[PDB]
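Here we start with a single chain on its own, the form deposited without the named molecule, put down as structure tokens.
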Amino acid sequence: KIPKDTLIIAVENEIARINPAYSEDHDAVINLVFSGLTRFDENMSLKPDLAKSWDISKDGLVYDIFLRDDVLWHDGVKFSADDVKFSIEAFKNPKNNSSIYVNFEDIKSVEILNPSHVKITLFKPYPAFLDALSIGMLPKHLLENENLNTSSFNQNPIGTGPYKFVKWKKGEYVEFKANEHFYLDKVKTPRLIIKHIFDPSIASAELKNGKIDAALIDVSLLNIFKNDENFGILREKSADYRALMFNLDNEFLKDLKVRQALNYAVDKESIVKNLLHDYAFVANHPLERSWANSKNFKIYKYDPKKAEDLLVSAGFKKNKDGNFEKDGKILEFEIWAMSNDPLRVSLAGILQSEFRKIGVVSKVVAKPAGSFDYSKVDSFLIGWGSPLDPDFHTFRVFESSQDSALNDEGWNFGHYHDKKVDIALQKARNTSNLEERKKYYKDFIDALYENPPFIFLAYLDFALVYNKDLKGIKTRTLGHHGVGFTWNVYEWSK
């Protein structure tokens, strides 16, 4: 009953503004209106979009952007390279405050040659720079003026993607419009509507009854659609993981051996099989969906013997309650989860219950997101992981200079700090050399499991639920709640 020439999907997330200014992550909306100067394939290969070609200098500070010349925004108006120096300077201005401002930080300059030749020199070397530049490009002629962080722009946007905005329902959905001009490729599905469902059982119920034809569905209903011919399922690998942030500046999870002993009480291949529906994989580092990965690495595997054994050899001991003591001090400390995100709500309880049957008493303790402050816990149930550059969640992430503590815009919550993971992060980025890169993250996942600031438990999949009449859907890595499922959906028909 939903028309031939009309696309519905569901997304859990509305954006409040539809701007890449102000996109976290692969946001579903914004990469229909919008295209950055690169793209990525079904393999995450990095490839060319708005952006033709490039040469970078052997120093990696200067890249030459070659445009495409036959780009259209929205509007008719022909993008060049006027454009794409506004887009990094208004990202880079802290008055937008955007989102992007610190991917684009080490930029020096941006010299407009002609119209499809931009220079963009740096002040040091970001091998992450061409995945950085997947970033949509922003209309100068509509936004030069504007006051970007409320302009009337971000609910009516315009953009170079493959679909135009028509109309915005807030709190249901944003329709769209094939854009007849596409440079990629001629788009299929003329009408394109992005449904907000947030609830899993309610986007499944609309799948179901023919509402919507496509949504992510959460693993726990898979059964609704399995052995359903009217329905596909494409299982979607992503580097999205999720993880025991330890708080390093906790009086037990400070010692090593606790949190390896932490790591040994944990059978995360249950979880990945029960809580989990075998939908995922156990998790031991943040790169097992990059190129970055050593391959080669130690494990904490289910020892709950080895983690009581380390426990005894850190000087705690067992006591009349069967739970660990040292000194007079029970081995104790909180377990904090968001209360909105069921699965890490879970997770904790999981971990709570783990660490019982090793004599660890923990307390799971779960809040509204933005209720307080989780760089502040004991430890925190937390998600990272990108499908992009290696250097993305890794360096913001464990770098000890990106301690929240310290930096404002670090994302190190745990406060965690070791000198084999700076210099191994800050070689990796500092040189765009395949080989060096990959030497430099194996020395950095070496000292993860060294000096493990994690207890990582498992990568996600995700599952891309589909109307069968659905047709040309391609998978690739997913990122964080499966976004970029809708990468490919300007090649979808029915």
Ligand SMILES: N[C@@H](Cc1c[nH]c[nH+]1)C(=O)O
The other form holds:
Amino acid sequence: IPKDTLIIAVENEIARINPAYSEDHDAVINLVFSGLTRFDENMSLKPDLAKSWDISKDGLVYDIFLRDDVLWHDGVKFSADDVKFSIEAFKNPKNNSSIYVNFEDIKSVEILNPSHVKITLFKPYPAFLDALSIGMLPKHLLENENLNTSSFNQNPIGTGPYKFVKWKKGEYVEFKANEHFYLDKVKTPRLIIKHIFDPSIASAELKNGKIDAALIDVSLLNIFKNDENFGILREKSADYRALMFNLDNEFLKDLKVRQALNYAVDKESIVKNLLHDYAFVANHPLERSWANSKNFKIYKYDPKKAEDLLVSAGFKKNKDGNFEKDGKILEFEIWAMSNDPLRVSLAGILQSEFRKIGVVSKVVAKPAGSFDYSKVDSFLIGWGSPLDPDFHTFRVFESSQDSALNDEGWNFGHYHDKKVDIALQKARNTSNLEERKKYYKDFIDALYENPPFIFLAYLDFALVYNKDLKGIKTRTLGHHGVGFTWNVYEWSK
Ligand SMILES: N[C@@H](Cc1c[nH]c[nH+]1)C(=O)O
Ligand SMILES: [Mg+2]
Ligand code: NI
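Could you please show the structure of the form deposited with the named molecule bound, as a counterpart to the form deposited without the named molecule just displayed?
Below, the chain from earlier opens the complete complex, with every other chain and molecule after it.
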């Protein structure tokens, strides 16, 4: 690989390179686009396209002041027009934006002058500044387009550090440095995002020198020991793994069953042995957040509590020593993405724990994208954001976000809890920080009393990189390790 070219592998690919359809599962949107705000090495809110902002006392009015030295990749200037268009596009239900929920509380967007936009809200939404980091859209290209289907989505123009060059689908996306980047000089002139979902192949291509960097599963990490072409950077993350219950399932809809299944698992055993202390035991989805109550009940590893719960639910043990109810065995499937060894291994351990308490389960391992995980009995799932606590909680747990009911929802297990709904809505619409913490405490407590998941472990990630690489900075990563390329414009060899 030439010195003026950077090649990075990422596991997840997106169909539309457009902030409006961002699902925190990609690395290319933050390359092409830039938002009004951004985050530094410490996850602190920093100015990006917006040079500064003022927020009204009641949190309903945002005055945003824009930089005037920003160009779109087509040489067209960034202005307040783009901001009004972008935000109005996110809000428009006809665009089916994946980030619609972050913009739904917006009343109006006013252009006061070409560098000053005034945003008014129906209700407070303190995550708004975090939400505005997502990336602005070019008005002059998309004004007369169908955002859902526009060819723009496969030929994007943004204000980010990198320009779109060409896209080989299922292969790679190539970028070139934005010569007019306002924030900083983009160091490496060529950037290739290579799509590799198989970690063994990712490891092999590193050894081959076909790619410069990738996130490598901990089980494969020992392979790069003694290798001198590579350094290893350990990164913390808000990413957790869990078992998603499908509450449509005849057995998993029952509360007593889900509580019993939580009692059956020795998460410390899992973390210690399977993850080699590259993790810690998870109990709820906000344990890296300020919203963490650090004062919550847990389901502690206790098989007889588990078995006793199942009897209470009305299950009788049979001659095989497996629970049955009204003539039918307590049986369901555990699906895992076969391309993710950690998930397959976790599903395998879960199956073994469940049998020891007389629950029959079947592990189904299929490649990511080959099946609909919102229709399987249970699924080894993952989520987690280092940003506002609302971002991977509302779409994931709130009942209106049921994916069967909402095409842009992330509630794949069809979970419906009234207390979760109220707590998340009030938390996302409350300005006071301490009051927010109280509502997220309610949320966590509500999750305990009616578990949608079996929370398992928060993950650390390992970045394996060409040792010739300069300028890499670590920070708290999100789900799938998204964000490890956050400062890639500083990268050079
Ligand atoms: N984010 C969820 C769903 C998903 C499927 N593929 C990628 N993500 C998970 O990681 O389990
Ligand atoms: Mg950005
Ligand atoms: Ni995911």
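Positions refer to the first chain, counted from 1. Only the largest set of C-alpha atoms that superpose within 1.5 Å between the two forms is called the rigid core.
Of the residues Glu89, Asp422, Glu175, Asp106, exactly one exceeds or equals a 2 Å C-alpha shift between the two forms once the rigid core is aligned, and that residue is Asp422. A displacement of 2 angstroms or greater separates the C-alpha positions of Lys442 between the two forms, with the rigid core held in common.
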